[PDB]
Amino acid sequence: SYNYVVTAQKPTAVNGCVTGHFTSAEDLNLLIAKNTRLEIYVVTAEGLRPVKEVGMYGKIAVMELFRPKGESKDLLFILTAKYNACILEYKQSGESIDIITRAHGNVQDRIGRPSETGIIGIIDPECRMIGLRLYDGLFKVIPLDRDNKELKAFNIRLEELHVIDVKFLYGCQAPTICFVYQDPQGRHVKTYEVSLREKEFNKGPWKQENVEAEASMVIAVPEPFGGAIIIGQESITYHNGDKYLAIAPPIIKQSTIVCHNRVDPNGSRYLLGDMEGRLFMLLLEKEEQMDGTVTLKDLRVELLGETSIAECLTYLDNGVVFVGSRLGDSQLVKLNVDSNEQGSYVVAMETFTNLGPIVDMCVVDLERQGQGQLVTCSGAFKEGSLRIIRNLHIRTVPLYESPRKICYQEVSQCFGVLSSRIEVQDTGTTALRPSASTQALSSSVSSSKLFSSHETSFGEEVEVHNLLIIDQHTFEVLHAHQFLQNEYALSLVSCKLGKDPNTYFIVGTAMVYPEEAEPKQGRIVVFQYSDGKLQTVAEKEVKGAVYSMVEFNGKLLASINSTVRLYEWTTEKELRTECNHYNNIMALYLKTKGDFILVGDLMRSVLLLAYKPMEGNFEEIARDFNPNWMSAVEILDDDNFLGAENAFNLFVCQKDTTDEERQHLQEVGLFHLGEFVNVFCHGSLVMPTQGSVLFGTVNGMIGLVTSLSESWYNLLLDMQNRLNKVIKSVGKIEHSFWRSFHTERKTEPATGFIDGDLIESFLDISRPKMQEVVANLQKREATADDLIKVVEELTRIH
Amino acid sequence: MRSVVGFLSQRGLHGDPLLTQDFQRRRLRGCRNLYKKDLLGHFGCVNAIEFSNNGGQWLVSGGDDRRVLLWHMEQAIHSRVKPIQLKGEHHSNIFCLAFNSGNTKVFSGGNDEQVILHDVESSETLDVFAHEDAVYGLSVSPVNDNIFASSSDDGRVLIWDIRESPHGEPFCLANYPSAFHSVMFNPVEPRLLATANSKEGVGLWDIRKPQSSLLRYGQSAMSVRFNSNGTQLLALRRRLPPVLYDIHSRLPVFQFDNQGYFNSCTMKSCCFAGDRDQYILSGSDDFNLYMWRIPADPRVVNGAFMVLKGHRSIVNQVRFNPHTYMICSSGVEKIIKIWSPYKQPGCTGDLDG
Amino acid sequence: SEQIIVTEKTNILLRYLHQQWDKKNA
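Residue numbers (full-length UniProt numbering), protein chains in the order written: chain A, 2 to 392, 710 to 745, 748 to 773, 778 to 980, 984 to 1014, 1023 to 1113, 1121 to 1140; chain B, 11 to 228, 234 to 313, 320 to 374; chain C, 43 to 68.
Careful: at least some of the hints might be erroneous.
Stated by the list, open to error - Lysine to any residue pairs mimicking SDA-like chemistry, simulated, CA-CA at most 20 Å apart:
| no. | chain 1 | residue 1 | chain 2 | residue 2 |
| --- | --- | --- | --- | --- |
| 1 | A | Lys1067 | C | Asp64 |
| 2 | A | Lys844 | B | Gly40 |
| 3 | A | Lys1081 | B | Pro197 |
To be verified - Computed far set for chain A versus chain C, every beta-carbon distance over 12 Å:
| no. | residue |
| --- | --- |
| 4 | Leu89 |
| 5 | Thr102 |
| 6 | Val108 |
| 7 | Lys141 |
| 8 | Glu201 |
| 9 | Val742 |
Bear in mind the hints are in silico, worked out from the structure with no lab data behind them. Ideal Cβ positions, reconstructed from N, Cα and C, are used throughout, including at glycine.
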């Protein structure tokens, strides 16, 4: 297959953020890592001044600013999710800004199990080494001897396999590492001394001590305090050896501290951010001993206020704090000495859009002008909302809960949105905050006799699921229908069935209990939104979870656990089973094109079924026999089937004489997107390339996949090969390595996919670069103008 | 959350490829039974089964019928194709099989004083290595595809380099008067090997010390297996419970027992299960397949995590695919059992029993 | 790039075994 992939909207979620003197020794810089993008801003008193953005051939998993001796300004260490490590310097000569790679190399190990807690990257305060935790039982050390041509990275064995967190201690003669780990006894904090000469670990300055059962964060307090702060779920402790200081502030009991940042350079104040957007200040009181060093007296935690759910925090200047968020919009807030009428010391200054995570989306023509618009379910928890995107203008409709599915009814002029809100079983389940499902003009509650014939507790967070009918013009929540207790709504479709001239909202729901591996009960509920009221037209009970549903030529095609079922809408308004297909583990995703059905499985890739009108049954037309974990499937056309798998890869299969080979779906295209694709849809935001498929990912990235002809694909592949030899990659990563299909099982180069971002970068290069890129290319000898026209035509698609 | 809908929601919300391993681990942890399936195509007892390296895409099996069959697990499960019979058959029972690092070749040996190196891509015999007695063990060096170890009944553990086959001079790593029953390279340290001997127990050997074993754990051992990281040894003994050793301790870290388990009348094999090898699998003479969980806190572990029933005769070989959390077991009967936490076409049983 | 990062191969398991067996000489 021949396909073309571009990004209509670059990733918006903030994966990391650091502050330091990167562009110059004088100005203060904020560096934000957004998956593959790296944004450099200069912190001025007028706000944030963007100074640069660089694309990265990799997912930035670690980003640390450090400055060894002899450097005028900080260097930047980046490790990618594919284990490309690089040390970068920012040089600005005249009016030309460029990022120079000072060091680069791959630190992947042939063997090793990636850690459950993830990749950890730390740098010694004196810049003696870089410590990486990539696999259980090993700790990689990269020496930082600049007067050398080779940085010899080596592994050191860890007696503790499950390390929770790790930092480098301050004010140590030899590089000391303090980490919280777990063993059958519980969680412990321990310290080692990293010996480069012997390449090993020696006894730490202070002995291990038992920490909280849920201790998860380690903070290395700078001088003069020294030591470490262990933050868990119920208490905050401070360790410096003979000195131990614990506090148990009740305020932090209602959530988990997830991020931290150091405000004062001497460690006096820290900013802490938890999972529900609360911002705290951790204080460290000091006492000056007589003719001696200062020592900690106490720890005080005060609730600064409420922000967006922070993935990371960074204090910029004059009380300004940047809150980088994954599940909501990023933010610049101000810390005020005096609280407001609500007792909040945080006032929002600026907000930065974040469409991620895009869990579902639809393409609708609301203005009826022939140009499509994308309505996406973005965010989660209080940060969840609807995003309306047009040609790139974005409008936000806050929901204050998690939206799951969205489907548009043109006849009713409305949207049906499945939403979820967290509630506490405070005696039933009361609330957590006002949201869309609780502030609807009208509301209703499910009254179903089924499932009446599973324990609870006083404190338990439970999901309450609602179907919201939302007007398409004002986007007000016209109606909210609440489903049964412990019932999760997983799928939502809007269609007309059979000979019935009415348009319905069909919801598939599963009875979810934490103790069960898979649901044993579920419902398909058909509502009709008529004259402002949402009545339950029909209700069908199924023995499983209705993961997906589509309309199949006037019939309902549902996925109940591992079965793909086809129902028909009877004259008496009742779904009747027509046929079943059982050869699945779990049919998560369903698509359709005529009589063909593309079934996505949890771990067995894609399957192609065909409905037999003359036989009234299914048949397995083809199956893809490479087992990979699927997140989304799409039918590009009758022949090609696109799919996305959980390791950030896209693959295109084809319906390939002997009957055995005809029943195999050959993976004719492979690509490493670097994004977790949640949703696929057919449509375009604008009105060589045939077709148009928009996909939405977890990082708030919207991408476009189209089909190419053989000649166009050949020309663009030649252009890619010629560009890779001209475009200077940041970190010196090979584009071929970056785009290679990567999985824990197998790794292969990309085939049948054109990186449209690389192609569109061809317009931004200098004229000499353009001319030497197109040299002896293909026919009439192509010049720069022809390829410029081709690339502009390609760009016109989005 | 143990339910799968919670896992799907979390994965779609965070999009990290680390919730999959947690989901599969938690699914296996809560199982009280496994989905059962059969594989047909062998005319006699199956004596050797091996999953292909780096994914378990293929399953190479061999036994009394003298044929080396190569099952495509995905296609075989859906009953789409029949096993590929590699060209080149043994003259007697096949006792051991092995892949190389890449699954580009297959070593097969046993009972005919011969080890045949096949090419799986074209299913053609590539090489032959003669032995003085029946071969029971085959291990391929994890670093070098051209180096492989073999244990024979005469009591010799030899190291062959196929790269210099025509001038056959096997390097004898060990020589004892008793029959060596198992040999395995260390997955992370190729210079270290583990050998199971009929009258000398379990031994740890160095490739640079061709006569003195580094360590002697404990003596009668029929099978010894390293874990994925090569820091533990699981050993099966002629009339004793399975025993787990640390690579350095020399003393039994654990022993595993359960009511009804017995290992006396057939040469069996064991394996580790789970993503971090926290499970012990072993067949028994009562036709059941026992699965224990290695205690996290360190000596007899009584009570199996699972007692998988369904085999009509003694269970000898057990192998585990961690990418799919699949179990392939074989024994005297000519059918190969498949046990999965997930449903497969034409299964039996469930996850609750 | 003025430097490259190469992970030199080391014998973690053998070093651990040698240290453990030399430690048990009391």
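Going through the hints against the structure:
no.: 1; hint: A:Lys1067 to C:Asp64; in the structure: violated (44 Å)
no.: 2; hint: A:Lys844 to B:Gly40; in the structure: holds (16 Å)
no.: 3; hint: A:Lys1081 to B:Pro197; in the structure: holds (19 Å)
no.: 4; hint: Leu89; in the structure: violated (10 Å)
no.: 5; hint: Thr102; in the structure: violated (5 Å)
no.: 6; hint: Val108; in the structure: violated (6 Å)
no.: 7; hint: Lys141; in the structure: violated (7 Å)
no.: 8; hint: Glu201; in the structure: violated (8 Å)
no.: 9; hint: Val742; in the structure: holds (48 Å)
Hint violations for this structure: numbers 1, 4, 5, 6, 7 and 8, all remaining hints satisfied.
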